[PDB]
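Asker: Dock chain H against chain L, hints included.
Now for the letters of each chain:
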Amino acid sequence: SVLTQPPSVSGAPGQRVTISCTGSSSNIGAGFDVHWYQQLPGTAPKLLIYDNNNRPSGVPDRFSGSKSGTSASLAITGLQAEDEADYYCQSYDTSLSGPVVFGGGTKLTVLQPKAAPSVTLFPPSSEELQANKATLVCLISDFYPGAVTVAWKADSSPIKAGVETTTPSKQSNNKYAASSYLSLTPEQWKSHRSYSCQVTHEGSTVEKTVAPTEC
Amino acid sequence: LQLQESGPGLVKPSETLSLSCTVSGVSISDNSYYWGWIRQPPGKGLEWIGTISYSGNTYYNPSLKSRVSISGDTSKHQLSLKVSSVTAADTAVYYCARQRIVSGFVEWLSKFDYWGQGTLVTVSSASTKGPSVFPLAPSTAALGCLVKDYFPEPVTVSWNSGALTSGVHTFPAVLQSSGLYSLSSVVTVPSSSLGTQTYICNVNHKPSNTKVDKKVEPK
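Listed in order, the protein sequences are those of chains L and H.
Residue numbers for the first sequence follow the authors' numbering, beginning at 2 and rising by one.
Quick note, the second sequence lines up with residues 2 to 140, 148 to 227 if you use the authors' numbering.
The shape of chain L in the complex, shown without the other chains:
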C-alpha cells in the first residue's frame, strides 16, 4: 500500500501491457531495486521479475521489468490469457515504514468473451433429510463476467426466504463460480410439487428444477 500500483489493468490477447509502481524518495527513488510477483487466484505468489529487470528461469521473455526515477513498471508483450492474475511490486525502504515494502496490488484482467453459466441443482440428500434438515444446492460456475441473479420458487410462486448465496469467484480458467443454498424444513420440500432455482445471466435465464422423487 506504501508503493502505489494500479488497482486494475486490462488488455486483449497479443497486446502489450504495462503495470506501474511509484513510491517515495525512500523505496525506489533512493535507488533500491524493484521486485515483481505474480499471484494466480487462490495460490501463493511467484517471483516474476527481480532486481528491476531480471527474469528467473521459468519466466517467459514476454515479461520484462523497468525502473526510472521514483517509478518502476512491468511489461508484458504477447499478452496471454494465462497471464490474468494479481501483480505486486517490492522495494527496500528507508522510511519509518519497515525495510520491506509492497505495493497495493494490481488486478490484471486479460479479455474473456461472454460465458453462460453451467447450473446444476441438487435436491436435499436423503441422509440429510433424516437429520430433520433440508437444503437445496444450486451450483453455477464457468461464467463471465462475475454477475448473476438467483431466484427460488416453490412451484410457480417465488419466495425470497432461507437463501444463502455466495459472491462469484474465478476459477483457474478465470471464469467465475457461485453457489446458492436454500434452507427448508423437510416438510416444505415435500409440500410443494417442485422447486426451481433459476439464474439470470446475459439476458438469457437457465431454469433447472427438482421434485420430491424417492428412489
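Check each hint, because a few of them may be wrong.
Said to hold, decoys possible - Listed below are the simulated BS3-like cross-link pairs for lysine-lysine, each with C-alpha atoms no more than 30 Å apart in a straight line:
#, chain 1, residue 1, chain 2, residue 2
1, L, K47, H, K214
2, H, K45, L, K68
3, H, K227, L, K209
4, H, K45, L, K108
5, H, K227, L, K191
6, H, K45, L, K134
7, H, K223, L, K191
To be verified - Restraint ranges, calculated between C-beta atoms of paired labels, are given here:
#, chain 1, residue 1, chain 2, residue 2, range
8, L, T186, H, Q3, 45 to 51 Å
9, L, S2, H, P226, 47 to 53 Å
10, H, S15, L, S96, 29 to 35 Å
11, L, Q131, H, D221, 16 to 22 Å
12, L, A76, H, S169, 17 to 23 Å
13, L, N133, H, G57, 26 to 32 Å
14, H, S28, L, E203, 36 to 42 Å
15, H, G175, L, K209, 15 to 21 Å
16, H, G105, L, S11, 35 to 41 Å
17, H, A89, L, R17, 27 to 33 Å
18, L, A117, H, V107, 55 to 61 Å
19, L, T166, H, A127, 37 to 43 Å
20, H, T17, L, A117, 47 to 53 Å
21, H, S28, L, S67, 46 to 52 Å
As the list claims (entries may be wrong) - Sample of chain L residues with no beta-carbon within 10 Å of chain H, all distances over it, derived:
#, residue
22, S25
23, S27
24, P100
25, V111
26, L112
27, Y145
28, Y182
29, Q189
Treat the hints as calculated values from the structure; they're not laboratory data.
No residue lacks a Cβ here, since even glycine has one placed at the ideal position from N, Cα and C.
Answerer: Same frame as chain L, but now just chain H:
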C-alpha cells in the same frame, strides 16, 4: 527446495498466534539466505511481517513490530512466527518465504525467490466445528458432496483419494447467517460409469482435525 507452513487455522482475540514453517533441501542457517513471513488478508494484498537472517538477527515491519516475533531452529530447519494480542484484522493467510540479500555496507533485504503455500488463520472467539458431510446423487452425470456447517476455512476435498481429477469442480464456501460455512464439490462423470466405478469424496478440515470419506451413490 520446499517450504511448508504449519499451525492452527484459528486463534481467539487477545491470544498469541503461533505458526511454523518447515524448510526442506536447504539449511535454515546457510549463509546468503534469509527467511521471512508475509501475510495476506482475504481479498487484500501482501503485508510483510518480518525476516530472520541466517544468524539470529530479526527485522520486522514497524506496523506490527510490537506483537510480532520470529525464530529459527537450526537443528529442525524450521521457523516460528508469533503474533501476540491478535484482533479481527489479523485474519489472514500467512506465508513462509526465502529471502535473498545483497551484500553491501549492510546485507540488503531482496527478492523472495521461493514461497511456501500459506496457512489461513482466522481470528474469532468461536471454536472450530467439523463439517456434516452429505452425498449428492447423480442425474452426462453430476454427483458430489455437500460439506455443511463448519468453521473456519479451509476445507480440502479429494475424490477417490486423489485418483479422480478430471471433471472435479469444488465451489467457494458460503458464510451462513449462523457463522458456519457450507461448501459443495462436484464431479462431472460419464453416466456409463455410475454402476461400475466407485466415487468417494475425501473431506479434510484441518481446524478440527476431521477427515470424512463418503461414497456417493445413485438412487
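Asker: For every hint, state whether the structure bears it out.
Answerer: How the hints compare with the structure:
Taking the CA atoms of L/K47 and H/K214, the gap is about 25 Å. The hint holds against a cut of 30 Å. With a C-alpha separation of about 25 Å, the suggested pairing of H/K45 with L/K68 holds against the 30 Å cut-off. Between H/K227 and L/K209 the alpha-carbon distance is near 19 Å, which keeps this suggested pair within the 30 Å criterion. Of the pairs offered as hints, the one joining H/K45 and L/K108 holds, with about 11 Å between alpha carbons and a cut-off of 30 Å not exceeded.
The suggested pairing of H/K227 with L/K191 holds, with an alpha-carbon distance near 17 Å, which does not exceed 30 Å. With a CA separation close to 36 Å, the supplied pair H/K45 and L/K134 exceeds the 30 Å bound. Between H/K223 and L/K191, the direct Cα distance comes to roughly 25 Å. Compliance with the 30 Å bound is thereby established for this hinted pair. At roughly 49 Å, the beta carbons of L/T186 and H/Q3 sit within the given window of 45 to 51 Å.
Between L/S2 and H/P226 the Cβ separation comes to about 52 Å, which falls inside the hinted range of 47 to 53 Å. About 30 Å separates the C-beta atoms of H/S15 and L/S96, a value consistent with the hinted range of 29 to 35 Å. L/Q131 and H/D221 have their C-beta atoms about 19 Å apart, which keeps the hinted 16 to 22 Å range intact. Restraint check, L/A76 to H/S169: a C-beta distance of roughly 44 Å breaks the suggested window 17 to 23 Å.
Separation of L/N133 from H/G57 is about 59 Å and departs from the stated range, judged on CB atoms against 26 to 32 Å. Remark: the range hint 36 to 42 Å for H/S28 to L/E203 is contradicted by a beta-carbon distance near 56 Å. Between H/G175 and L/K209 the Cβ separation comes to about 19 Å, which falls inside the hinted range of 15 to 21 Å. Between H/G105 and L/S11 the CB atoms are about 39 Å apart, so this pair conforms to the stated range of 35 to 41 Å.
A C-beta distance of roughly 42 Å is found between H/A89 and L/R17, which places it outside the suggested range of 27 to 33 Å. One distance hint, 55 to 61 Å for the beta-carbon pair L/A117 and H/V107, holds here, with the actual separation near 57 Å. Hint check: L/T166 to H/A127, Cβ distance near 22 Å, so the stated range 37 to 43 Å is violated. As the Cβ distance of H/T17 to L/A117 is approximately 49 Å, the hint placing it in 47 to 53 Å holds.
A beta carbon spacing of about 35 Å between H/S28 and L/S67 contradicts the range 46 to 52 Å that was offered as a hint. Interface exclusion of L/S25 from chain H stands, the closest Cβ pair being 15 Å apart, more than 10 Å. In this structure L/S27 is separated from chain H by more than 10 Å, as the shortest Cβ-Cβ distance comes to about 13 Å. The beta carbon of L/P100 is not kept farther than 10 Å from every beta carbon of chain H, the shortest such distance being approximately 5 Å.
At roughly 20 Å, the least C-beta separation between L/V111 and chain H is larger than 10 Å, which holds for a residue marked as non-interface. Every beta carbon of chain H lies more than 10 Å from that of L/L112, the smallest distance being close to 23 Å; the non-interface claim holds. Every C-beta of chain H lies more than 10 Å from that of L/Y145, the closest at about 16 Å, which supports listing it as non-interface. Taking the minimum C-beta to C-beta distance to chain H, about 6 Å, the non-interface status of L/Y182 is violated against the 10 Å cut.
The Cβ of L/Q189 sits about 18 Å from the closest Cβ of chain H, beyond the 10 Å cut-off, so the non-interface label holds.
In this structure, the hints that do not hold are numbers 6, 12, 13, 14, 17, 19, 21, 24 and 28, in rising order.
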